[PDB]
Structure formats: C-alpha cells, structure tokens
Amino acid sequence: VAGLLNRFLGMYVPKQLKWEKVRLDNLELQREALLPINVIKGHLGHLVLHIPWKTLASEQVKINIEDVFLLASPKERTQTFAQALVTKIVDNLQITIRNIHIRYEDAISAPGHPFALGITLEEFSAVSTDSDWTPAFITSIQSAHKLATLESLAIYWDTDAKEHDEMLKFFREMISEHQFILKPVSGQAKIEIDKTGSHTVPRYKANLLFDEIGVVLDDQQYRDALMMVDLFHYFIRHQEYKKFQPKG
Amino acid sequence: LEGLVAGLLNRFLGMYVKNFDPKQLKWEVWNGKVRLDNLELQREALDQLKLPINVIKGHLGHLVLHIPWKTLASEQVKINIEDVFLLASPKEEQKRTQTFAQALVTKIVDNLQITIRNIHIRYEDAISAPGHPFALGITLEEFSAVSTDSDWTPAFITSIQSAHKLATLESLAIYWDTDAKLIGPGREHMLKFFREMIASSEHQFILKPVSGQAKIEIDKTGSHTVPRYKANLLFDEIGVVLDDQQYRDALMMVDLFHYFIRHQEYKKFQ
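Protein chains in written order, with the deposited numbering: chain A, 6 to 18, 23 to 29, 34 to 47, 52 to 93, 135 to 220, 227 to 239, 248 to 320; chain B, 2 to 94, 133 to 228, 231 to 240, 247 to 317.
Don't take each hint at face value.
What the hints assert, rightly or not - Listed next, the in silico SDA-like pairs over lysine to any residue satisfying Cα-Cα at most 25 Å (straight line): (1) B:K277 <-> A:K315; (2) A:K262 <-> B:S247; (3) A:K277 <-> B:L52; (4) A:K204 <-> B:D291; (5) A:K58 <-> A:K71; (6) A:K277 <-> B:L289; (7) B:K51 <-> B:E312; (8) B:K277 <-> A:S258; (9) B:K262 <-> A:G286; (10) B:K255 <-> A:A278; (11) B:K262 <-> A:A261; (12) B:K262 <-> A:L211; (13) B:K79 <-> B:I147; (14) B:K277 <-> A:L208; (15) B:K255 <-> A:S270; (16) A:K315 <-> B:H305; (17) A:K277 <-> B:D291; (18) B:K146 <-> B:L66; (19) A:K255 <-> B:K51; (20) B:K314 <-> A:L298; (21) A:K255 <-> B:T268; (22) B:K51 <-> A:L303; (23) A:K204 <-> B:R295; (24) B:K220 <-> A:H271.
By construction, these hints were calculated from the structure, which means they are not laboratory data.
Based on the sequences and whatever the hints tell you, model everything.
As structure tokens, then:
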C-alpha cells in the first residue's frame, strides 16, 4: 500500500507519509515525468488522498487535487495480489481536481513569432457509476461506467505573446482578455469502457452533453491555423518524424 | 436582371455539373422560380477543397431556387436541395458589367437562405491501408443556413462590418467502416445504396445522430480588434463510439487527415 504509493510518487515527484487521510502541498514534478514536451517547469499546489483503509473494498475512495500547473516546450504471488488490489481500488475511485492550467509555449515553431498554447480548467470530477449512470460503488467485470464533469473548460492560443512565487500567480491568474479559442464551457460526459475485449462491442462509448460552446478565431490564429495542424500532428505522431532527423 | 442572373447561373452550374445543358433549368414564368432535377457532378467538383480526392459519383436529386426579382434588393434568395449524394475516392499520382455582376452576386449570397435535405457523403478508400479498405461517411437529415440580425432573428440584412448566419443541423451522423465493402466506380446507377442510407448495424458510427445549432458571426472589416470568426454551438447529447477495429486504425487516420490538409503544398509539376 504505502510502499506502492511512495515508490510511484517518488518518481513522478517520504517518511512523513504514513498512509493512515493524507495531505501534501507544493509538490514540484520531475523534468522527466513523461508527448515530446520537455517539462520546463511543473508544479502541483495542493493534494489530498482520503483512504478508508479499514473499510476498503466496500466503499469508494477519494482524492482531491487543488492547484496543478504545467509549463512545456518543444525539444531537440504477492505482486498479483497487489495488482488486483490496485485494480479494485482504482476501479471505483473519485478524483476531484480544481485550478488546472496546462500552458505550452512554443518559440522555435513559427520562428520569429513565438506563441503560447494553453488549456484552462478550474474544476474536473470523475466518478464511477452503474449501468444506468447513477453513481455507485459497483464492482463489475464486463464494462466500466465512468462519469466526468467539466466546469470552465477553456483553451487559449495567442500569437505574438511571451521565481516560484511569481510563476504560480502567472499560471493561476488565467481562468478576461487573452485570445481564447474556446470560451469557458461546462458539461458532463458519460464514458463506458468495455473490459470483455469482445469484438462485438465497442471499446469506448461516450455520451457528452455540453452547453453553449463558443469558439473564437482571429486573423493571427487563422493565419497560423495550418501551422498549428502541423504542430498537433507532430505531438501525436512524433516517432514517424524521427527517421527524418539527420544522421550525417 | 433575369438574363444576367440566368447566365451567371449557367457559369456556376457549368463549373460543377457534368454534361450541363442550359436547357436543364426549368423556369416558372408565373413567379420566376427555377428548378433542376437529377444533376450529375464532375470529377473535379470538390477541387476548391484542394484535397487529393476524386468524385467517382455525385448526385443532386432536386434543386429549386426562389429569387425575388421585383423585391430582390429588399428580400432574400432561397434555395432548397434534396437528395445530395457524394461518392469520393482518393486520387493516385464591360467594366461596369463585371463590377455589377460581382456586387450583385455579393448581395445574393450575403442573405442566401439554404436548406439541404437527405445528405450522404461517402469516401471509399482502398489505396491507403492496403488489404484493409475502409469507408468514411457523413449523413445529414437536414442542413439549413439563414442570415440573421445581431439578435439572431432571420431578416434581410446588409451590413458593411458584420455578417450573421444561423445554421441548423438535424441528425448529423459520421460513420467509419473498417474492412468495408466498397461501392467502387462500378457504374451501377450506388443510387440505391444511398437510398438505404435515408432509411443501423450495417455501419460503424463513430458519431450517433445529433442535432444542433450554430450561431456564426463573421467580420468582413479585417480589423485586428475584433475576431474574424465567431461561433456559438448548442447541441444535443453527443454520442461517440470507437470500434476496436477503428481504434487500431486511428493513428493511420490521423496521418490521413494531415496528409489531406497539407496536400496543396506538395504539388508536383511536370
């Protein structure tokens, strides 16, 4: 239990953690946490895990994360029991995250016109539900029904734009006149994941109800839109690009 | 105005329609409405999109155009199209008159009201992913677009700075068939096949039918101060579904979207 958490945590991010409730603050992620983005800097403000250790496997767990930011840039026997434990505990957990700001700044691309790319979301909630989308603690084999809830989803992409205490404020102030492309939107998504692996049923089903999406484009963004398409293809498919890098 | 608009119509039509004849338009002298039935589209019809695609077959079942000649300056044109089917395949390797026609067309399309019904666009690809042919599809029960005011009320409007359009989609569905059975350029007026599409498990739908409304505001100023494009979308529950077969082909598909988008820049001269 505690050892698993500690080891995993150790690498992404110890004596004090005792796995009794838990509480953490001001965790700075590693530069090698993972996408080709090199994490220039990464920071998680506050984190909380509430484990019902005595009553585990009867009722769902809880983890609440407050203030996580991410900054990035382009770059040149016992184990089987443990695994089943991790499976059952992760299958019915509830995650609640607020104030998340992933901002990715590219300077090398579109040379001479550096841009900053950004995703803003100040509340996300994913929980396990039953076949009929009423939330519950169901343990099932055939399919997993997750329900996520998404408040203030916003994306900004602004062309021609550029210490720990200052940086945190900068990352958190945005959540209003930046060149947003996706106005803040709130909605709910019903994901259903198949575990049978059968070829008669889909791997993923999603029913997302969103309200009032507004998307805005400007002349700079419209000009760089094709360049941007190239960018996203690159994130998603970088290994295919790898052969073309020079080997003289 | 009747003769000029008629000739312009024959230019525009002539660009996209296979074997066009000016005799194809049927006019109603009683009101000045014009209708066309059973159009055939040319292979190069979708070129304006600059995609490496080839239109094996296209069909416009019924097309009707209502023009208010008498009140045309003060009232909008209307166009209804029914049964549009597109089967595309990937492609392997006087001064006053000109000015007046441009301004006239500008007024017409600025307040045009379009309603299209029973749309099926099908992309059959056997060349890429060889041995694993697939078919992509977009179906639309109805698509409509009208020009409106600042407050989204349909009205004839002429504004120098801004253009407001309200488009409604009813029953839009996208299907991605893996290892699909292709109609092909089999020349079997295909027509029946799209007939079945008007109307389930014969297609693998990544997008189950959804209806929605788009409020678009365009800025013709070109001013940096205001966004060139604005859009507000209100939709119904959106149901997306991923096959296990489609998920294995997903990365290849991302490749395809990019290759299509960027094809213009890799032109080969000869």
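- Task: For the pair we were handed, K262 of chain B and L211 of chain A, check the Cα-Cα distance against 25 Å.
- Result: This hinted pair holds, its Cα atoms lying about 20 Å apart.
- Query: Between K220 of chain B and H271 of chain A, does the CA-CA distance stay at or below 25 Å?
  - Reply: 19 Å, holds
- Hinted pair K277 of chain A and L52 of chain B, Cα distance within 25 Å: 31 Å, violated
- Hint consistency between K204 of chain A and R295 of chain B [alpha-carbon to alpha-carbon, up to 25 Å]: Roughly 23 Å separates the two Cα atoms, so the pair holds.
- Message: Does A278 of chain A sit within 25 Å of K255 of chain B, going by the straight-line distance between their CA atoms?
- Response: With Cα atoms ~10 Å apart, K255 of chain B and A278 of chain A stay inside 25 Å; holds.
- Within 25 Å, alpha carbon to alpha carbon, are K314 of chain B and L298 of chain A? With Cα atoms ~17 Å apart, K314 of chain B and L298 of chain A stay inside 25 Å; holds.
- Taking only the CA atoms, is the gap from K277 of chain B to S258 of chain A under or equal to 25 Å? Holds - the C-alpha atoms of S258 of chain A and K277 of chain B are around 19 Å apart, at most 25 Å.
- Holds or violated: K255 of chain A to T268 of chain B, with C-alpha atoms at most 25 Å apart: 23 Å, holds
- Query: Holds or violated: are the alpha carbons of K255 of chain B and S270 of chain A at most 25 Å from each other?
  - Reply: 21 Å, holds
- Task: Assess, step by step, whether the Cα of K262 of chain A is no farther than 25 Å from the Cα of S247 of chain B, and give holds or violated.
- Result: 22 Å, holds
- Message: Please verify whether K262 of chain B and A261 of chain A have alpha carbons no more than 25 Å apart.
- Response: 23 Å, holds
- Does the structure keep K277 of chain B and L208 of chain A at a Cα separation of 25 Å or less? 22 Å, holds
Hints 1, 3, 5, 19 from the list above are not met by this structure, while the remaining hints are.
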